[PDB]
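K.L.:
Based on the sequences and whatever the hints tell you, model everything.
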Amino acid sequence: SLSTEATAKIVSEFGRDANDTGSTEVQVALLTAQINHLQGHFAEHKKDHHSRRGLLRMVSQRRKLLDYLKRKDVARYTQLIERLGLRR
Amino acid sequence: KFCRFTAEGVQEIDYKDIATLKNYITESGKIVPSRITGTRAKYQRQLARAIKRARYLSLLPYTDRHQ
Amino acid sequence: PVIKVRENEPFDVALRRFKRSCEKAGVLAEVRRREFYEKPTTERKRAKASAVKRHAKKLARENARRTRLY
Amino acid sequence: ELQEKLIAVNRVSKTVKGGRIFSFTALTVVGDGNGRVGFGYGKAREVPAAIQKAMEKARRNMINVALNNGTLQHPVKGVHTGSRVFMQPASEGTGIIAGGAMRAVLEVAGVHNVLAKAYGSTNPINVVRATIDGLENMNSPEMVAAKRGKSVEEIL
Amino acid sequence: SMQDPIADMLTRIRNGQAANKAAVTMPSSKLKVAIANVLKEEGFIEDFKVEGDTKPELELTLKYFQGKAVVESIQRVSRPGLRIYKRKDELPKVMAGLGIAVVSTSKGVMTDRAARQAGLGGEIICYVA
Amino acid sequence: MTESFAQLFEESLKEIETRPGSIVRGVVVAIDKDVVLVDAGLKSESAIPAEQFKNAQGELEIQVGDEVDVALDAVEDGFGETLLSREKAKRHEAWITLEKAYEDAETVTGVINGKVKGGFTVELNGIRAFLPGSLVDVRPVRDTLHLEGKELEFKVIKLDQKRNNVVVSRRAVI
Amino acid sequence: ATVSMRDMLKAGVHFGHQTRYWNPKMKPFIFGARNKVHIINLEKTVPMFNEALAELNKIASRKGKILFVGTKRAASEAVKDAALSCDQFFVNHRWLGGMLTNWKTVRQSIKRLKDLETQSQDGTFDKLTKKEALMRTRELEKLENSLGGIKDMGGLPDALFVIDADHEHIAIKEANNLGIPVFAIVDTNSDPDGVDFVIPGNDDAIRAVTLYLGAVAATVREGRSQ
RNA sequence: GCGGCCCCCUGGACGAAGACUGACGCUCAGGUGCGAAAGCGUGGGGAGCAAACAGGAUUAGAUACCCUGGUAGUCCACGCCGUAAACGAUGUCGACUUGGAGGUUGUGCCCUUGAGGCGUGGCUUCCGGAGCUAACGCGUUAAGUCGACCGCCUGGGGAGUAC
RNA sequence: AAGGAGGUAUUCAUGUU
Ligand SMILES: [Mg+2]
Ligand SMILES: [Mg+2]
Ligand SMILES: [Mg+2]
Ligand SMILES: [Mg+2]
Ligand SMILES: [Mg+2]
Ligand SMILES: [Mg+2]
Ligand SMILES: [Mg+2]
Ligand SMILES: [Mg+2]
Ligand SMILES: [Mg+2]
Ligand SMILES: [Mg+2]
Ligand SMILES: [Mg+2]
Ligand SMILES: [Mg+2]
Ligand SMILES: [Mg+2]
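Chains as they are written, first to last, in UniProt numbering: chain A, 2 to 89; chain B, 9 to 75; chain C, 2 to 71; chain D, 10 to 165; chain E, 2 to 130; chain F, 1 to 174; chain G, 2 to 227.
Derived by calculation from the structure, the hints in this document are not laboratory data.
Positions of the beta carbon are idealized from the N, C-alpha and C atoms, including for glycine.
Treat the hints with care, as some may be off.
The calculated DSS-like cross-link candidates involving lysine-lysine, where the alpha carbons are at most 27 Å apart (straight line), are [as the list claims (entries may be wrong)]:
id, chain 1, residue 1, chain 2, residue 2
1, B, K30, F, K117
2, B, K38, C, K5
3, G, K73, G, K152
4, F, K117, C, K5
5, F, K100, F, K54
6, F, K115, C, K5
7, G, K28, E, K64
8, F, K162, F, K100
9, C, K25, B, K30
10, D, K66, G, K112
11, D, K156, E, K64
12, E, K41, E, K69
13, E, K50, D, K156
14, B, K9, C, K25
15, G, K26, E, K22
16, F, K162, B, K9
17, B, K38, C, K49
18, E, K50, D, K159
19, G, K105, G, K115
20, C, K46, B, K38
21, C, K25, B, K60
22, E, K89, E, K31
23, D, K66, D, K86
24, B, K9, G, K37
Quick partial rundown of chain D residues pointing at chain E, CB under 8 Å, derived from the structure [as the list claims (entries may be wrong)]:
id, residue
25, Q82
26, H83
27, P84
28, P150
29, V153
30, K156
31, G158
32, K159
33, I164
P.N.:
What follows is the structure in structure tokens.
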């Protein structure tokens, strides 16, 4: 998964204090970081379906979170996806 | 009965501690069952791993025949 | 089973000890079980049936010591 | 005063080494035409003995039905095994509109006007059990008002 | 997922009566409180109360007369998969008036007798016999 | 003054003792040829077989109304019975007597059964001990047959109470 | 007469069965557990015992026949003594499945026993060659042992008082089938469903059964004295 | 479906106390992905086993069971295939309803007196109550009482066949 | 392979061997 230091770094970057770990932007950033991380793994190990399933769960959860954020506050949604560099 | 590991607060069995494993292997060199020894399951699995590692490092015999 | 003949022990006693060592190591059961290939499904089915009947006998005994027959 | 009725008599068999043994079973219903009804099932070697035993058994084990002027208090549903029965109160003069087993049980229990229908299996034994069960699980204004702590006028 | 809290409430009532429980408890809502008030005024439950500031819990103390449960049958009629609305003329008669249907009219929740007297229709929450 | 059963039962619970193996007194309610009804007063007047109350001559010294002492095994058995044993109390008394014999070098007579793990063994009135094989007898003729199974009045050399064994000896007297 | 918490607790009424055999139906009458043994809450025993005693008093005043049923090896002689010295009937050996429901059969057996008794006090055991006479005597002995306490009831009893409801579950079902009220001493491992007058309490100790039978017999004797 | 041991990369579950977001949830036609064994294509590898095949027997016959050999295949890499008594013959999610004996994996307290006692969560096997069921049986892991959505059934055969 | 005993099975020390 993601190391403790990386998680704390992302929380500091995206949350409005050290202790806000549940906010939607923080969750999406953590999911995006992990998803980008695993691309090397699934570029070398191409028959690891049991892990690719967890990867797809991560992608889908990020989709649901982005949809909620977009429908709840468009400004945060645009800022977040522009910072993270995600299409739609 | 009397799983001898829980009563002594054993955290991990050591493949280096041969004498203990010598108590839990039979004469032929096979692992004695937990149903015989009264060992708890978790320590039984640890014991099996440790005995296999000791066999690999030639501190215990796979069988009696080879040596 | 590597039996050493001890001093003053007769041959009958040595042979009895060797027989008991072999029976305790269970060599012949292993050989008879490895004489022919048995499918994984057959192995699993036999194991499950043995467990079921052993458990049933234990439960029957426990019930018997609860209900008198006379 | 007890009206009695035989609903069905069947010839059952029991294969033995020496051959078949045929015995006769009789289902009967008895009632006082004024709110009490029971059913009995009797088994014998012959029809007269079977009906006699069933009549005695039904004369015992009667139960009480809360009848309102020869009609039911309210629609009732009953079920026993694969037989489901629906009974509805009807205005005076319609008579008893029901199938054979329900017809017998209601006529002997004293219901004079009722709309009925059996769904599922119409096997007489289970139909009789279901309709008797439905007639028993029927509550009248007196008992419902007593149970809910109200007056009958309060319940209307 | 819990998608019919009213049906859950009726189910708890039914199961508590079948299990001879003195009282049953459930999460509270104002619709549940209205239904419990209707049941109490019609004499189907012995009492209700609400305990809690932020997460209210509705407690109903159930009623038994001759050992037997008072509520003989209670079935949700309008449900999320099929809402039922009835004009004042077509309001149902449960057990030919011996029981009561809980109807949600435009002036609050009431029995079918009260709605028919007030000349109102509405949604049919449940039947109670 | 509705004295609560809670506090009354608490008084009762401090009045008695309830643990497996505990040596507890009892009142002998009735005596029969087959069993003896005793009452320690827990859940049921238990019954104990007759031979547990018989001496070497097989005599029932116990009478009705006597207060005896038996070891409760279980307060209940699934059959609504308190289970009591007199032989357990006998073993308790015998081991306390062996303790006193160790203290006072009292010569107790018991059958030195035969060879033990570390020598010979002895058994006396429900107790068991071991004596080193070098201590077979005082005048050790080449015949060891009379060393096992016969009466010896020995003093308790030691006792490993946890092991349920003692150490007998051909002591100064023997 | 009157029993009290002190006497009940002295006799050992409060000890029920182990916790692994209890009845959830019996849960309400259970106080707590101590060393894996249930403790029966005597605060419920005392008023229930008194109400059952009052109803038995009323039936005895209304000349009701009382059937004392207790068939454990621990209460046979106690129940025989209580029903003898209370002018009522008893069963203290195996309960014959169908004593009440198959009364007709029981009554025919009663008649057979009475005929054997007439043969006994008639000089009949003389023409037979001493071995048919011995067989007849032994048959009379067995019939007396089996139906000794119920050879005068004549018809069905008006109430049953049963020790160890679970051991006598058949009698309870017969009484409920025939509409005969049942007053039952119920342990913690028994079902109080078929009982009409529950008296929670230990049903295994001779002291407790002696207490119950003495109180019930005193109440019945006083009710018939009237 | 997964079984020696070790390393590297990696998915999920559960518990303790606390903080955070604030309904973000459930189901899902079409769609996509994974999917035992056999099988197919290309390239290796091939000890044992072994369809087909060869021979020897048994039998009235023996295109089989048995014996002696034995090729594809089983193994690896990359693709295809898309089915099984793929079964708990029991769609997914949520709430409520008496108990007992265990197994495994966490965690709290009391004297841990010494492998103890008293709790509290996860998963899991058996027995059994009410209830349900045509019955067999299921029974807090329901086939009980209900709510949401999705898949199917409409006599046997012809037929899961033809087009 | 046959027969007996104990149990759901061992605590029964170590020592001895
Ligand atoms: Mg995670
Ligand atoms: Mg019948
Ligand atoms: Mg049909
Ligand atoms: Mg699809
Ligand atoms: Mg393949
Ligand atoms: Mg290939
Ligand atoms: Mg090839
Ligand atoms: Mg071949
Ligand atoms: Mg298929
Ligand atoms: Mg299928
Ligand atoms: Mg899904
Ligand atoms: Mg079951
Ligand atoms: Mg096709």
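K.L.:
When the structure is checked against the list of hints, which entries are broken? Sort them ascending.
P.N.:
Structure breaks no hint.
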